[PDB]
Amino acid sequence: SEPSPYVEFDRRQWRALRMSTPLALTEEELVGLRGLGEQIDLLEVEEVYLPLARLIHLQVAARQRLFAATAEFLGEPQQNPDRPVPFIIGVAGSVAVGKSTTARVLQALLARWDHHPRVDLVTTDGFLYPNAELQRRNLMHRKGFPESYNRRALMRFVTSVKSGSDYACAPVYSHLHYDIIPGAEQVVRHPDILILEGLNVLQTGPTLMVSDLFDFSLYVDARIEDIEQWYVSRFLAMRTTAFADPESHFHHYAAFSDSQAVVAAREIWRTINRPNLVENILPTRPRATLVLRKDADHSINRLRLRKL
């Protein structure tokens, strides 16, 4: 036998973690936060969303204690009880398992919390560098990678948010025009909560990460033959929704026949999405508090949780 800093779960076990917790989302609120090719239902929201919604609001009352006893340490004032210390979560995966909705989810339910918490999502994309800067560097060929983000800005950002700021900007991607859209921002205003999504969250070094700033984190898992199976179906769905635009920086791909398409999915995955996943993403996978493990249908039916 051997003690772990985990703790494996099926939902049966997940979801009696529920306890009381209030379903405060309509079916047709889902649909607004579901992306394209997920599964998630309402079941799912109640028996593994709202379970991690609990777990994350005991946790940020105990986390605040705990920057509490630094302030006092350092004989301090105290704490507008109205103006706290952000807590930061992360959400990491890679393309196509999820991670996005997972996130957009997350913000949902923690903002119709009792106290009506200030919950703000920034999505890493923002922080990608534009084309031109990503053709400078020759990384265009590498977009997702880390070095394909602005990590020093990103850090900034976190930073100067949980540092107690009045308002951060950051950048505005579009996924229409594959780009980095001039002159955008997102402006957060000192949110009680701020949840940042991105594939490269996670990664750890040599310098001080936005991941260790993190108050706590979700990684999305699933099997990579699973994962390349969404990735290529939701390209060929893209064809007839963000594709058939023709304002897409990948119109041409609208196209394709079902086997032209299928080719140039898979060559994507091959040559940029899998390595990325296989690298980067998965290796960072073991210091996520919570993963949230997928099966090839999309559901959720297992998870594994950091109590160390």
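Think of the rigid core as the biggest set of C-alphas that the two forms share within 1.5 Å after superposition. Residue numbers count along the first chain shown, from 1. What changes on going to the form deposited in another entry:
- Superposition of the core reveals a Cα shift of 2 Å or more for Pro81 between the two forms.
- Superposition of the core reveals a Cα shift of 2 Å or more for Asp114 between the two forms.
- A movement of the C-alpha atom of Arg285 falling short of 2 angstroms is seen between the two forms when the two forms are aligned on their rigid core.
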Given for the second form:
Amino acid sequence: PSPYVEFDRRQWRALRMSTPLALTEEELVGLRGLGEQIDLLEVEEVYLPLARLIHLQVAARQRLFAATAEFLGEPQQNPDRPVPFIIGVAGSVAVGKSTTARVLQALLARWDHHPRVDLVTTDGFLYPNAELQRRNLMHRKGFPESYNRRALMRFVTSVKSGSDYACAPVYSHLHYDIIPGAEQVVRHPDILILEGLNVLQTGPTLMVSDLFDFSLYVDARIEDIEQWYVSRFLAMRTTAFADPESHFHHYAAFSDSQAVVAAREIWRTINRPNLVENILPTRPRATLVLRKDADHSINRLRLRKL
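Same protein, the form deposited in another entry this time rather than the form deposited in one PDB entry?
Just this one chain is shown here; partners and other molecules are left out.
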């Protein structure tokens, strides 16, 4: 016995799933602009059922708010509307948290119950490079201490407080740094998806996950994430690294053979460590673990028994 209900891809395909849920032509090729590492199959066959499943929780949490308000007799101090339902997304660098996160925002915004759905990345809560350096933490970017955990708690707390506004800084992957003065504004969305390596990490007191209504962990065999890591790094040689303004411009010149050694090394000494010490252990804290194949196909879903 286990606290999980477990499905594999076969079992997931045997769908007696009681609603069609009609994916229109527009969104079905608009769900292209955000991925490459998602078939339209995966969307139709997995992500769409998942988002239905989350809908039921968002909807239920909205009814509960109301039935509570009307029970308290709609007092002055109680808010008018439910607070933002907040979804955490966790997993290793290279696992596709951003993509999964972008697919969910896309799908979940489709119901009328919750049409406004924001997406925030904890990237923007890394300490600026000045700070990391002042703190001797450059070698540890991505590690828990590498973030302003307090600012991040203030932000999420402010959002779960039903604030009309709340903003988070913006990180730049091209410049490998926080963009100065740059800020995303969150405006009491219906649902906020919060994505980052760290979102399900533990703390001595309150932690961001205490404010999550639901959370996902994107999982894969560790060799398979390494394989995606490398390939993204070689591809960046063309894109991000090519740009002369990139912190890692000098990495563009490297040949396939050379960039692979460099990548396996950055993995081996930074990112694989972070994964093993700090990300993996948060795995069983998620409402839903999604394991992926070598080929980026969900082979296993683990859902918290209700």
